[PDB]
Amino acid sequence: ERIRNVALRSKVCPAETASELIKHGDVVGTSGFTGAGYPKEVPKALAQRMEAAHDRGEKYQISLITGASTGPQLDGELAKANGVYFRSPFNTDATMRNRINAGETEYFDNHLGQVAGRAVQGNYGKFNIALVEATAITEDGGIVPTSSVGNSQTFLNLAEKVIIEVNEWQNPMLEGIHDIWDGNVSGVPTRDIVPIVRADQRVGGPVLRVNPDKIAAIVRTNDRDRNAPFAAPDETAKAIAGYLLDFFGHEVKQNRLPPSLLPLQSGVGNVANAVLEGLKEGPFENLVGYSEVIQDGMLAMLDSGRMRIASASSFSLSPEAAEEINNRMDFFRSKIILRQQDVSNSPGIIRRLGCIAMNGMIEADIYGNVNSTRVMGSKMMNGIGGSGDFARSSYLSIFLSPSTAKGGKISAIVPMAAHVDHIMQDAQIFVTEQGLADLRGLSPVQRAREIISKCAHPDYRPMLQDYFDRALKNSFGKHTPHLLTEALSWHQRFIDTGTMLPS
């Protein structure tokens, strides 16, 4: 029995009835982070009732605030129903992405570590509903989270009414893996000092806390987390990993990093995951993770023993990896700590621990400004996520990408980024399959020489050098030379012709 508090069993009701607690205009905070631990059955019932209401000519939309990305049962279903008027902070569902890029759902991708604080400040409005997935409800009424923690504790604090989905699909042995801190991380200033001084330090307890009087409904569910698999590292990804591992090796040899490196943060995506695959058989032992997420590769690192322990807010496992950890939860449970996302992504803690940040990117310009989010400057991919949290706060900020995209039709190194998420100051190292650019110490024109020569694809490098050389001659100022008549012209060329390569 998952609901171990006998009194709360009287609150069990159908998902459909529970969804009726959610009214047009409601601000709804949910569990869910990188396709892990989001509610499933209540959103589906909601979505159907929304569609019905729209047909009758009744407005029915909500504001949906999450930990980060969710899954087809939540973002997918509600987007199909046209039922979300505002979404924050991070999405990876294709149907919701389409709503966002069509202007049908309003979207703001906050820094993930800041979302709890902004919610408490009231930036999203009053929380009408918290909808949280649980593994179990303890005898004293504690809510055991599932495969993520995210913002669930904050949403439970803020919400007028609480709906809990108790998901029998989730592993009962997850209980104990979470660390939920009682202190003021994201509340009214002055905030508390968070006493984490080692990446493996537990400072909290295993359950979310909530006043039982606020629980309006408990829904028994049975449905799987769903996420995409990662691309098995190809020649490009392996080349990137090789350059980065060589780099770490040199840093250690020059005594600029310990032999066990520093706590590692590995971002979302295939490239970051391939680096981890490299590290699992690498020359750095006793590694520690202090990350936003644990992807397949990090789990692989724990398995090989190269990494001793990993801190994160969530799992981001492929279907096959997810099945792996559940068969072996007793081996992995002691190697993993799942924290609130305002703690995993705390800039104070990230800087204190000296994290190494490794993140993907859409594109960088020749001066090493980075776009993580908006293709051609206007079309959202996923969101900034915690990449800003970690890039700015880290000891070393590394960005990783194939040098081209769309089968060579796009250069990932451009004259000017069409959108900036990470400024020059927040990016020190760039790696593509062409090589590695170490920008420490360098002015912007010196950054450009390194990025162009080390990272750009041979198809595009002469064009980039041509832009830079002519900018140096003709730019308004020479500190960060640009030709404004053509800075964004490669992007426009792609829009116009389907390729950044001239005819």
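The term rigid core refers to the most C-alpha atoms you can superpose between the two forms while keeping them within 1.5 Å. Residue numbers count along the first chain shown, from 1. Residues that one form lacks are left out of the comparison. Compared with the form deposited in another entry:
- Candidate set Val414, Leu299, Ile410, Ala427; criterion, C-alpha shift of 2 Å or more between these two forms after rigid-core fit; matching residue, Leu299.
- Superposition on the rigid core between these two forms places the CA atom of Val268 2 Å or more away from its counterpart.
- Taking residues common to both forms and aligning the rigid core, Cα displacements of 2 Å or more over three or more consecutive positions between these two forms occur in 267-270, 297-301, 303-305.
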Given for the second form:
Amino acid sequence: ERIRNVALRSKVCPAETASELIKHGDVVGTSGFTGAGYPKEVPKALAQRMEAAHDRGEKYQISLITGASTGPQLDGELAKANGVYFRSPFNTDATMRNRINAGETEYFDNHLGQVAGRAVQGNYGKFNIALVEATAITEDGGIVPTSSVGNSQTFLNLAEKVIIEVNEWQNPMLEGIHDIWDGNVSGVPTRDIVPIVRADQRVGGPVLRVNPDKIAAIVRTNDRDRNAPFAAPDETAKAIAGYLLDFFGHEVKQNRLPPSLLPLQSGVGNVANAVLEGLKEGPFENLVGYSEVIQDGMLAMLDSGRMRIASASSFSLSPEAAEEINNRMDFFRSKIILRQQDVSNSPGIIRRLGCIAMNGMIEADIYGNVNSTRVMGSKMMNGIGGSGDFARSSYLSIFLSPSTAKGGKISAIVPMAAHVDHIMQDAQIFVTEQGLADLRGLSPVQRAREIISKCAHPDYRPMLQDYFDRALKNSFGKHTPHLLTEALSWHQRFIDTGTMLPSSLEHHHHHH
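Given the form deposited in one PDB entry, state the structure of the form deposited in another entry.
Shown next is a single chain and nothing more.
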């Protein structure tokens, strides 16, 4: 039995009935972070009822605040139903992305570590509903989270009414892996000192806490998380990982990093996977993770002993890795700590531990300002996520990307970024399959010489050099040279023609 508090068993009801508690206009806070631990059955039932209402000319939309990304059963179903008027802080569902980019869903991608605090401040309004997925409910009414913690404790505190989905698909032995603190991290100032001085340090307990009188419904479910396929490293990712690992090796030999490096933050996807595979094969020992996510390559390193501990707010695992950790949850439970995201993404803690931040990007300009979010400056991809939390607070901020996109028709290094998420001050190292730019100690013009020479693709470097050269001669000021007449012209060229590469039918200064 998953509901070990007898009194709360009387609140069990079907998903459809529970969804009726959610009203048009409501602000709904849910569990869910990197496709893990989001509610599934109540959102599906809600979406059906939303569509039915819309067909009869009746409005039915919610504001949806999450930990971070969810999955098809939540963002997907609600976006299909056109049921979300406002969304925050981070989405990866393609249907929801389309609603955002059509202006049908208003969106703001907050720094992930800040969301709980802004919720408590009231920026999203009054929370009507918290809808949270659970592994179990304990004897004294504690709520055991599932494959992520995210913002769930904050949403439970704020919401007028609470709905719990108890998912028997989630492994019972997840109980104990979470660390939930009752301290003031995101409440009213003055906040508490968050006393974390080791990545493996627990400060709290294993359960979310909530007044049982606020629980309006409990729904028994049995459904899987998103679990994206493993993105196998291609040669581009492998080259990027190779330059990065060589760099780490050099930092260690110059005593600027310990042989155990520092606590590591990375993502998911191709490049991160290549980096984790390189770390598994590399000369470094006693590694530590202090990140947003646990991904596949870590289980390997936790099992071998290459990595000693991994701190995160969520799992981001493939189907095969998901089965590996479930068959051995009692081992991995001792190696992993899942934290509230306002703790995993706490700038104070990230700086104190001296994390190495490794993040992706859409593009960077020649001065090393970074766009993480908005294609051509206007079309949302996913969101800033925790990349700003980590980039700004880290001991070392590293951005990694293929040097081109769209089969070479887009350069990831541009004269000016069409949107900025990370300013120059927040980015010290850039890595592409072309090489690694170490920007420490450099002015913007010096940053440009390094980025253009080390990171840019051969197809675009002469164009970049031409822009920079002419900017140096003609720019209003020469501290960060620009030609405002063409700074964004590569982006407009892409919009117009589908490529940033110029045609020989017209003049271009780099052909000559």
